Every structure is written in structure tokens, then in C-alpha cells.
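Peer 1: The residues making up each chain are set out below.
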Amino acid sequence: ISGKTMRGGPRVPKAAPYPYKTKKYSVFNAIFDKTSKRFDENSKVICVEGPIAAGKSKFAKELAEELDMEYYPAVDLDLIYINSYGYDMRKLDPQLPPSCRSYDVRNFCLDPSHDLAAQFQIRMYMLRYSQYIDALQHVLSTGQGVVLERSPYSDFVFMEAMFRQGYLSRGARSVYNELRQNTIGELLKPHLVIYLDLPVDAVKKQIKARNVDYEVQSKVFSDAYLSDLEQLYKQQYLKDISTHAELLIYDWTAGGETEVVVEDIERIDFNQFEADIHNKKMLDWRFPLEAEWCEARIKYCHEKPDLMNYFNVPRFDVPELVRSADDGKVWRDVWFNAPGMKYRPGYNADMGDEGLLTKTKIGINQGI
Amino acid sequence: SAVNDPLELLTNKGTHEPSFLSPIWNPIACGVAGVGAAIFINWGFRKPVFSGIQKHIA
Ligand SMILES: Nc1nc2c(ncn2[C@H]2C[C@H](O)[C@@H](COP(=O)(O)OP(=O)(O)OP(=O)(O)O)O2)c(=O)[nH]1
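For the record, the sequence lines run as chains O and d.
Position 89 (the first sequence) corresponds to 128 in the deposited numbering; numbering is contiguous.
Position 49 (the second sequence) corresponds to 50 in the deposited numbering; numbering is contiguous.
Just chain d, with the same shape it has in the complex:
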């Protein structure tokens, strides 16, 4: 248009396609954090980072 319409400019007309990454990013960020935290746990405790995967899965 040639008309700076505030409402129509704001309206959810669409054209917003999520990436394969767009929704998945948070799951593979928080889980990556928690997995790394468990590795952090064992790293300081002088325990095998691999060991006790129950902590990592949880």
C-alpha cells in the first residue's frame, strides 16, 4: 500500500514460517544444559562424566 496503516501493519497477516530449528531450539538447549550440568557435576566431584547416566537422563 501507500498508506501507513498502524492496525494492518500490526495485524497477524502471516508470512512467518518456523524453521526446523524454530520450535526445536529450546528443547535442545535446556536438555543440552542439563546434560552439560551433569557432566559438570561429575567433573568437580572427581567422578567419571559418563558414569551415572541416570543423572544425565533426568
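Bound-form chain O, shown alone:
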């Protein structure tokens, strides 16, 4: 929250960070090690928003660079298609054409008419949501601040946006809209939210400067679609965050001067907000006791599987969301017979793992 420049140097972690990447957290461990001890000034979440093609990745990178937080790169839909040895399951051709063949943002931009697009439309929310928990994991373990370029909280903007265009199904809009509640209740809202505001034309200027053969030549980029971002951001998405997180809105990144943004954020302090607890703003961060800190900490360092399993929602009332059994059976055959998927990561000795016959270790929230 405070810039290194006003520190005349770097920031220090108040206590030794906990190896949450490689270590499991236990309730025994909570008794054996306190949580908010590590916590410091910057222990907060600064979320970013803006109309698409706002280039905010470089902004957030520099902002986290000169305020000493984590960047946490943006959505990476490919990770579904990536594995312990990289290669793309998109490599696997339309052997199983109907609903097993891939769909990336490229495919969406080339054609949002395909019902299979709805797949990532929800899986994209999960990726955001999984990232968010990663951010909370990093906060509560290290006490260091974080900056997510985009949030699951904001994802519904694109959701209603695509549906208004007609691309998603009336069924899918209900599915995602109700399903957000199920998980979205279980996340802490960010401390601070910064939203960037260019007009639809202006972003079209920049998106034509992105020169992306799967976007710039695409056809989705109607003013209506790229404007629905504006209305939804303006009122629908902002207001609830405006209730909880402190909201700053500069014009945009390009004229957005980092240093003044640095100064404006730093000027906005929260000790002012250490008044009455019952205040609804910052509400999701008032942790009374060190024990309650540890409850939040263990709940994210030891219940990420639980967090993922909330997604298990049964809905076989939507055809595009249903899969053909026998085809799906083959889709299972392809994935787990394909190179580097037979076993757990680190145990695909067919693809190279050594040290087996004695190795019995498994990583905290290690995928499977």
C-alpha cells in the first residue's frame, strides 16, 4: 500500500514466510505457529478492472513492482490443455469432434456461435476463482500483498455480456448465474479495486494495435459487446465492490501515471477504517483473534480441494453442458493414455520420472 520510493528502499517481511507452496498446513500446525504475526501493512488485495484490450497486465506488473506485491498473471485457459510436460491437448485433433475438441479464446473470437464455447465460459470463471484462492494463499502465508489483474467477482460481466449478444444459452446464463453464488460466497472481497475507463471506440483503437490474428481479424468485436463491459462495470460489477472495497477510477492505463496512482493509493489509508467493526466496508477482513486468523489461513492452505469441490454441481438439463457417454468414455481414454498423464505428476515414469520405487511424496493441493 506504501511505495518503496517513500520507503527510501525495499520493504521487509516482518517474519519468516511459511513455505505454503511446498508444505501442508495443519490445525496442529496452527497451534504450533501463529498467523497474523507475519501480517504487515501491505497484506491486502488490489484488484484491477478495465474494458478488454486495456493492456493492464503491464500496469499491474509495474504497480506490484514498485509497491512490492505479487503480479499473478492473467487467465491462462491453456492450463487445462497443459501438463507436467507442457504439450497441448489441443494437439489431439478432432478424434472426438462434438464436445471433446478444444475451445480457447481464439476459438471464441473466431466463432462464439458454437455451443461448446459455454465450456470455457464457466471453466474460465473457475480459473479466475482458483487463481483468487492462490492469491489468498500467498497473502495469508507470507503476509505479502497481491494484485490480481481480474477477478471471479468481475467475470459475470463478460458472462451477461456474451449472453446479451446471444452467444450463450438461456440455460447457460441460469447455470452460471446461480452457480456463482455457490462458490463466490466463499471468497474474501479485495481491499481495494482500481477500474480503468476508456470508451468503446478507444479500446477498439488499441485492440487494433494488438494485431492478433485470432482477435483483431475476428468478428466478435461489435460496439455492443465491447460496450456491455462498460455498463456492467459501471453499475452492476462496481457497486457491490464499491460497498466493500475502496474504489478508485482514473481515466485509463495509458494516461494512467503509475506514480500518481501510487500516491493516490498510498494516501488512501485504512487505519482510518479501523473504526467500528460492524461497518460493512472492509467487512470480510475483520479477524478478531489470532485463532480466527488461523481459521482463515487453514481454510485456504488446507481446504483448497474443498474449495474446488464446491464446483461439483449436477446439471444434466443443459445439452451443450452434457457429454456423450461413450464419446466421453473415449475422451477419458485419450487424456489418461496420452503422453504424460498415466499417473500423478512426478510418477509418469513412462515420460521420464526417476526416483520411483521409493518415492511416495505428494504436493499440497498437487492437482489431483
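Source of the hints: derived by calculation from the structure; they are not laboratory data.
We put the beta carbon where it would ideally sit given N, CA and C, even for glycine.
When the alpha-carbon atoms are kept at most 25 Å apart in a straight line, the in silico BS3-like pairs for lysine-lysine are as follows:
| hint | chain 1 | residue 1 | chain 2 | residue 2 |
| --- | --- | --- | --- | --- |
| 1 | d | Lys56 | O | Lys400 |
| 2 | d | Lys56 | O | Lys381 |
| 3 | d | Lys56 | O | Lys62 |
| 4 | d | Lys56 | O | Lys63 |
| 5 | O | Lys43 | O | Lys53 |
Facing chain O, a subset of chain d residues (Cβ under 8 Å, in silico):
| hint | residue |
| --- | --- |
| 6 | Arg47 |
| 7 | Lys48 |
| 8 | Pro49 |
| 9 | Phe51 |
| 10 | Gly53 |
| 11 | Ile54 |
| 12 | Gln55 |
Anything over 10 Å on all C-beta distances counts as not near chain O; from chain d, calculated:
| hint | residue |
| --- | --- |
| 13 | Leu10 |
| 14 | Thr12 |
| 15 | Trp26 |
| 16 | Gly32 |
Fit chain d with the ligand to the supplied structure of chain O, relying on the hints for placement.
Peer 2: Chain d with the ligand alone, transformed into the frame defined by chain O:
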């Protein structure tokens, strides 16, 4: 005898020879269970059943 004697009928007069299997059966049942359980462990975890024989030996 011609005399249904309860005590002598009950008495451990012997004539009970254990098999080569009679005592050994439990050891080669519990160990077989534990070995199979370890194979069960790796089978569900998507790990090689052979791998990590330290679990199987223990
Ligand atoms: N269907 C769908 N597509 C999304 C969503 N959010 C982002 N995208 C798509 C639209 C974009 O063409 C593409 C991301 O392009 P961006 O405009 O974010 O590039 P930008 O200059 O902002 O830098 P960056 O993406 O952060 O590397 O992914 C979403 O929520 N739903």
C-alpha cells in the same frame, strides 16, 4: 466307550495336529491384506502399485 461322559468327551485328549497351514494362515492373511491395501493405495492415487515399496513392506 459306551458311556457318554461329558468331562472325558471335553478333555483335551489330543489328536489335533496343526496343518502346515494351521498356524501360518493368519500371517499370510494379514500381510497379504496390508500388501493389497498398499496396492489399493497407489491404485486410487494414480501412482504405480509397485512404486514406494516401503509402504508395502511396512
Ligand atoms: N468469453 C470470455 N472471454 C474473456 C473474458 N475475459 C477476458 N476474455 C477474453 C477477451 C480478450 O480477447 C481476451 C484477453 O485479451 P485482453 O484485452 O485482456 O489483453 P490485455 O491488453 O488486456 O492484456 P492481458 O490480457 O492481461 O495480457 O480474453 C471472459 O470473462 N469471458
